[PDB]
Amino acid sequence: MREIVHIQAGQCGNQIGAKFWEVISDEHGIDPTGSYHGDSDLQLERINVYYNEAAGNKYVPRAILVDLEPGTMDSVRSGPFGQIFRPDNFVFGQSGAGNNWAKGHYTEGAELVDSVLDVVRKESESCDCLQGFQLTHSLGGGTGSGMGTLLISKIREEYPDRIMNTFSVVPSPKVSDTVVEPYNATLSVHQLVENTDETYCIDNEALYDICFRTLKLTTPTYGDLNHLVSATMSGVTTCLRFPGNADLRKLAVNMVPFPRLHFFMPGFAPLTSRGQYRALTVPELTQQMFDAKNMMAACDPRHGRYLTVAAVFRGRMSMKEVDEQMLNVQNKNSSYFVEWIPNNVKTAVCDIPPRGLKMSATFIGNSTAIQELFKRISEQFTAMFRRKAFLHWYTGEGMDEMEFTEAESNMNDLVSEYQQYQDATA
Amino acid sequence: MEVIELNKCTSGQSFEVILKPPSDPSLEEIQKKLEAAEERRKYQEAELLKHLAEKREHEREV
Amino acid sequence: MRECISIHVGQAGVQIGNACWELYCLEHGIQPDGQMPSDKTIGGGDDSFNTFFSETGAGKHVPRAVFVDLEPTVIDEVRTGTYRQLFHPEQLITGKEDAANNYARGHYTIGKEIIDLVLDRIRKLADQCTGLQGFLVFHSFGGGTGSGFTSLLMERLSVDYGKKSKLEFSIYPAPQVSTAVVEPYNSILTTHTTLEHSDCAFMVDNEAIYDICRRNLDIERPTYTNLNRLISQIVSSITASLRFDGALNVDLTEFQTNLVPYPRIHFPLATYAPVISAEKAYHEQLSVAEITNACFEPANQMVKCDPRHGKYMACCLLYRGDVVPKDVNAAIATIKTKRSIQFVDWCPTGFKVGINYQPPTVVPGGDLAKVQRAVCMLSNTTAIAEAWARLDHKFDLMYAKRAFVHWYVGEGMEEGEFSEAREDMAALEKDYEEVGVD
Amino acid sequence: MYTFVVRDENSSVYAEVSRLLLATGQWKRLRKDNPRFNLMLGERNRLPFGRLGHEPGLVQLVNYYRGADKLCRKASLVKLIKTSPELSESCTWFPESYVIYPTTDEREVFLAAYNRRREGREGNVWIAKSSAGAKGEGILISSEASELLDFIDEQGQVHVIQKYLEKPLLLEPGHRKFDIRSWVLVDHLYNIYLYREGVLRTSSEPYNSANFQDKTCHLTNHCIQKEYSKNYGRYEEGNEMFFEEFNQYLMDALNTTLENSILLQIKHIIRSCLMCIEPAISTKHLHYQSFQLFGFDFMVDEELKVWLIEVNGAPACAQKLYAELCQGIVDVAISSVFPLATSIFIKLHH
Ligand SMILES: Nc1nc2c(ncn2[C@@H]2O[C@H](COP(=O)(O)OP(=O)(O)OP(=O)(O)O)[C@@H](O)[C@H]2O)c(=O)[nH]1
Ligand SMILES: Nc1ncnc2c1ncn2[C@@H]1O[C@H](COP(=O)(O)OP(=O)(O)CP(=O)(O)O)[C@@H](O)[C@H]1O
Ligand SMILES: COc1cc(OC)c(-c2coc3c4c(ccc3c2=O)OC(C)(C)C=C4)cc1OC
Ligand SMILES: Nc1nc2c(ncn2[C@@H]2O[C@H](COP(=O)(O)OP(=O)(O)O)[C@@H](O)[C@H]2O)c(=O)[nH]1
Ligand SMILES: [Ca+2]
Ligand SMILES: [Ca+2]
Ligand SMILES: [Ca+2]
Ligand SMILES: [Ca+2]
Ligand SMILES: [Mg+2]
Ligand SMILES: [Mg+2]
Ligand SMILES: [Mg+2]
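Chains as they are written, first to last, in our numbering: chain A, 159 to 584; chain B, 405 to 466; chain C, 23 to 460; chain D, 70 to 419.
Careful, some of the hints might be misleading.
Examples of chain B residues toward chain C, derived with CB under 10 Å [as the list claims (entries may be wrong)]:
#1 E409
#2 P429
#3 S430
#4 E439
#5 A440
#6 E443
#7 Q448
#8 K459
#9 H462
#10 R464
Take a look, some chain A residues computed to stay more than 10 Å from chain B by CB distance [as the list claims (entries may be wrong)]:
#11 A212
#12 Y264
#13 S311
#14 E315
#15 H420
#16 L438
#17 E442
#18 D449
#19 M542
#20 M557
Restraint ranges, calculated between C-beta atoms of paired labels, are given here [what the hints assert, rightly or not]:
#21 B:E442 / C:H415: 27 to 35 Å
#22 A:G214 / C:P59: 43 to 51 Å
#23 C:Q57 / A:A213: 38 to 46 Å
#24 D:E155 / C:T63: 41 to 49 Å
#25 D:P171 / C:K358: 32 to 40 Å
#26 B:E442 / C:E456: 36 to 44 Å
#27 C:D55 / A:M159: 27 to 35 Å
#28 C:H415 / D:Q95: 28 to 36 Å
#29 C:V181 / A:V218: 48 to 56 Å
#30 B:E406 / D:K204: 47 to 55 Å
What the hints contain is simulated information worked out from the structure, not anything from laboratory work.
Heads up, the beta-carbon is just placed ideally off N, CA and C, and yes, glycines get one too.
Given these sequences and hints, build the entire structure.
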């Protein structure tokens, strides 16, 4: 039994976290009271990766819910699957973090972090063989970003030989709460570079463009963005949740050739709006999945090169046709795969589809084009930082300009490290 | 083609056909390799924990 | 009678081992129960099948087998399967988290913690042996257990059983049924460390088996099950002489003597025919001449390569079924006049032949049709070095960038081992070429 | 669409094949070391045949036959003819030749014939050559043996000594010597295609049996005439007489045709050589497929007998025929395998 411990931090972290638990609960047949009512036992062979078993044939998510504010967690307990969650795993302050990384990481969040770690310990102790952790959070606020990355540092200290992966929502001015997000994101990214094994980069800019341009939603809401996030989260975790022999470490080994370059581009096909009679064809799943339009990180894959790629196809389909179409798409895009990692494109098929689609495919791309995302953040960061604009919110919590200068430099080293491998040849 | 050493039994037979003639590491040493690598892990792990302790000290100072 | 102990390491090793022991039981008439009606020496014997099976006072025939994996899900299927009664708990050994396709993790980190236990469960079987011959070790090149733990086991077996022969059945990595990227690293690392410890190794390239299953069994997307049943057939034909009456390859030492004049060049090529779909409604059975001629087509080899562009050091033919020496020699004569078969100058040009009258046994409901006669050719040809060249080139491409190297360093290994292992392989490729080319 | 890779910089022929394939709009070129190619235009030396045919879902094709060097290297061609029953010890169309090492050697049989010739008072000039003799170097036409046997040992390459064809056919006007270059394409099905256009590689100087050590009289390669000879280019451009002129000449001057007089036995020799090695090099059942373009070099003696003198494994073409022939490679060797959206070749059936 290779259990995963899930942590959701802050507003974005808990909203997308709750959708995730809603979506996979339905996939495993667990109802809002934790009672199993499914029709296949494929649903229960790996149920324990994400769920604990409690007497009474109940299944309880191995999930810890964290915020510095109670608001968004009252709404979780309200929401459709709110009762599923273990009540002692709600860990909440009252102050809120004011979209301030310094409050989440250094002052308000430091006050609360030990309480969170007590619940993490008490979930890990009950794990036959802990596989690792996943965190859902945004990088643009204060709690998920600042206190989320503090948690990751503490978790590493206590579990240094355990996998730490994240679903990290990147800020965009197109979907923006405050002007200081580039500061919060830049500080968080350096933490992630050091202390996560895999970070799935969920770019709110891509989720907006997708909703606005392809789904023709003229006023996208957080709900529309999260419909895409939840589809992708169900997707990437499909092969951890159903039979097919790789734990998180084995996936990291074959996806991450250099330790700092572990920021992945997600993607999904078919792109859908909430509320699909035509099943897509294996050729259609494949080409959409590689097209910039389905990329949930606003990066152009044709502007860089793929170091590794993974794709998970869901539904009853031809593995022969999957192999053929995958090997196809690699030849019209053959220049965009590094030639010094042989066979760096890998595929899985799972015959259980997601709710509401008979054919679907999830994309996991480790592309050097991701540097466009970090350049974009870095440019917004510098635009304000060259005038020290809005810094007083941070110096007022004990931070120094130097920590911002280091975060900036660390960020630009990451961009240069990507550019190194995009020009590397055989 | 010369046939030779034809042996037979109830289960089968065997023979050779010629078409032309012709023209330590110690137990201790392993245990040492395994232990030097374990030490290298412990040293890498100790640097990480020292790094994290420096981070904790910075958090205190902030 | 001298006993053989089979050791299965990692996923590939365990699941191939189960397919083999399944087939062995069908060949010797042993039931999943472990009962062998036809063994009239109850509770004992020194018959040829006793080389692979021990006997209980209750007449249970127990494989001389140890299964070892660093995570438990594969061996659990053994403990619940159709032959669950065959084995005894102490023969099945499972860690708790696996090597994650990381040689260093299987060799150094996790391996250090389970090596002593494995050698104890092996000692328990070696203590049931009057005359232990040595070991048959099944594993993948690509897995972190199959590569990393196997090389550690092989080192320690040379220490604890220094006079004993050790044979490998090794699965060479193929992208078509692998989702890993670092397998070239693990393959070269385990080959370097295992080379001076293995007397004779039979490589099976999953690419070749996969294609055979597609082309000759009409299986559009072969599974591990499809592959392993074909592999088990080939393995059985290789070990049949250890388990049946005969005069060829009757002990492990004779494998090296007959197939390996040079210790380093100890990787014989296997070629098998015929592979016939069981869904074939009508099939015309193939003659001794046709199956023997098929042994020189690359499409039937366990490793795709071109023996015409190399030289032979030895060649055995192992027939099962309706075969007599006359037809074999008539086929060899005809084949020699129409194929490029070059032996090295310092070796006799010729074939050692073994025939066993029982036709190949096939698993009921499997994919392979019963046939009236089949052959497995074991040839030590330098052409198999093509597989080393392929794998070393993939290694070079990744290591020039140190891609993925941090995973191995992180588990206690030094970059120096990468280059040390790759230099060994460079020497091996040269060894093959000065033997096989002018 | 199809991909291909280019790994011989210096190949006139496949340079033009590269251009042709791109200009179809259905072939994409990759870089030297990208392995997901459909087609490899490989290097001449140590082409990695072992790495081909192992890319899942890619049909792969290379422009060289592994093992074809047995035919296209002078020492090994001698060994192949004498040891292959298909060809035999006294094959009628290859000059009596001997492989000789400097410093399986034949130095004694070489002299046994040479001696019986001495006493016979019959023609006993010989030539000694190597595969390392580029642009006209390393050859020695001598009527006395040990004058060439010492020329052999003064360098470290293995040489062949062959009976020099003393009585060659001589064109007129010019009393001038030549050899014939035929281009042969062998596709993946091992069909043998003879390019209908050959070329004669002429001597500008008149032949002169008297002094052998003067050579542009005796040595017909395009370069040596281009550089060493005073009369280079009188009768035809570049010392290159093509088949139409040579045929019209053989009728006017000898009352026969090129076909009957020479080509019948050129076609016979090409088939004999290539069918002999087919079992050793055929890719019909292999995981990659091969094709190759060969250049066969022939001599004609004054009785209109054709002799084989070498087979070239990496030949160039005549400027006049590149377009035609290179387009023939695409159509027969490449699009046969990778199809797109009359004929210039003579199929030698077997
Ligand atoms: N023929 C065959 N090959 C297999 C089988 N299982 C895995 N493989 C191959 O083995 C390679 C992966 O190594 P594994 O043996 O699965 O891993 P392992 O030995 O358990 O070591 P770990 O990394 O700890 O899991 C891949 O290249 C697979 O193609 C099998 O059942 N049959
Ligand atoms: N047996 C023989 N009798 C008469 N002349 C001969 C001969 N062997 C060779 N020659 C002459 O010597 C010349 C060079 O011989 P050869 O053809 O082997 O050189 P080469 O290999 O450099 C030609 P290429 O450049 O096309 O490969 C020929 O053009 C021919 O005129
Ligand atoms: C923290 O969030 C995570 C994010 C992830 O990917 C974005 C993955 C993640 C899943 O499936 C994979 C697959 C894969 C390779 C990598 C992954 C991977 O890495 O190859 C095949 C063999 C085709 C199967 C799927 C896990 C996470 O831990 C919970
Ligand atoms: N995709 C998505 N992004 C969010 C959501 N909520 C906030 N964000 C983004 O995340 C940033 C702030 O994080 P937020 O979760 O609001 O504050 P936190 O509670 O401190 O993490 C802002 O730039 C928002 O654009 C959400 O529900 N979905
Ligand atoms: Ca307070
Ligand atoms: Ca505490
Ligand atoms: Ca008995
Ligand atoms: Ca030994
Ligand atoms: Mg908010
Ligand atoms: Mg495993
Ligand atoms: Mg030449």
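Verification of the hints:
{"no.": "1", "hint": "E409", "result": "8 Å, holds"}
{"no.": "2", "hint": "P429", "result": "6 Å, holds"}
{"no.": "3", "hint": "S430", "result": "7 Å, holds"}
{"no.": "4", "hint": "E439", "result": "8 Å, holds"}
{"no.": "5", "hint": "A440", "result": "8 Å, holds"}
{"no.": "6", "hint": "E443", "result": "8 Å, holds"}
{"no.": "7", "hint": "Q448", "result": "7 Å, holds"}
{"no.": "8", "hint": "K459", "result": "20 Å, violated"}
{"no.": "9", "hint": "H462", "result": "25 Å, violated"}
{"no.": "10", "hint": "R464", "result": "29 Å, violated"}
{"no.": "11", "hint": "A212", "result": "34 Å, holds"}
{"no.": "12", "hint": "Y264", "result": "4 Å, violated"}
{"no.": "13", "hint": "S311", "result": "6 Å, violated"}
{"no.": "14", "hint": "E315", "result": "5 Å, violated"}
{"no.": "15", "hint": "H420", "result": "16 Å, holds"}
{"no.": "16", "hint": "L438", "result": "45 Å, holds"}
{"no.": "17", "hint": "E442", "result": "46 Å, holds"}
{"no.": "18", "hint": "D449", "result": "40 Å, holds"}
{"no.": "19", "hint": "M542", "result": "21 Å, holds"}
{"no.": "20", "hint": "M557", "result": "6 Å, violated"}
{"no.": "21", "hint": "B:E442 / C:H415: 27 to 35 Å", "result": "33 Å, holds"}
{"no.": "22", "hint": "A:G214 / C:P59: 43 to 51 Å", "result": "50 Å, holds"}
{"no.": "23", "hint": "C:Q57 / A:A213: 38 to 46 Å", "result": "42 Å, holds"}
{"no.": "24", "hint": "D:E155 / C:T63: 41 to 49 Å", "result": "60 Å, violated"}
{"no.": "25", "hint": "D:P171 / C:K358: 32 to 40 Å", "result": "34 Å, holds"}
{"no.": "26", "hint": "B:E442 / C:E456: 36 to 44 Å", "result": "40 Å, holds"}
{"no.": "27", "hint": "C:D55 / A:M159: 27 to 35 Å", "result": "31 Å, holds"}
{"no.": "28", "hint": "C:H415 / D:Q95: 28 to 36 Å", "result": "29 Å, holds"}
{"no.": "29", "hint": "C:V181 / A:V218: 48 to 56 Å", "result": "50 Å, holds"}
{"no.": "30", "hint": "B:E406 / D:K204: 47 to 55 Å", "result": "52 Å, holds"}
Violated hints, in rising order: 8, 9, 10, 12, 13, 14, 20, 24; the structure is consistent with all others.
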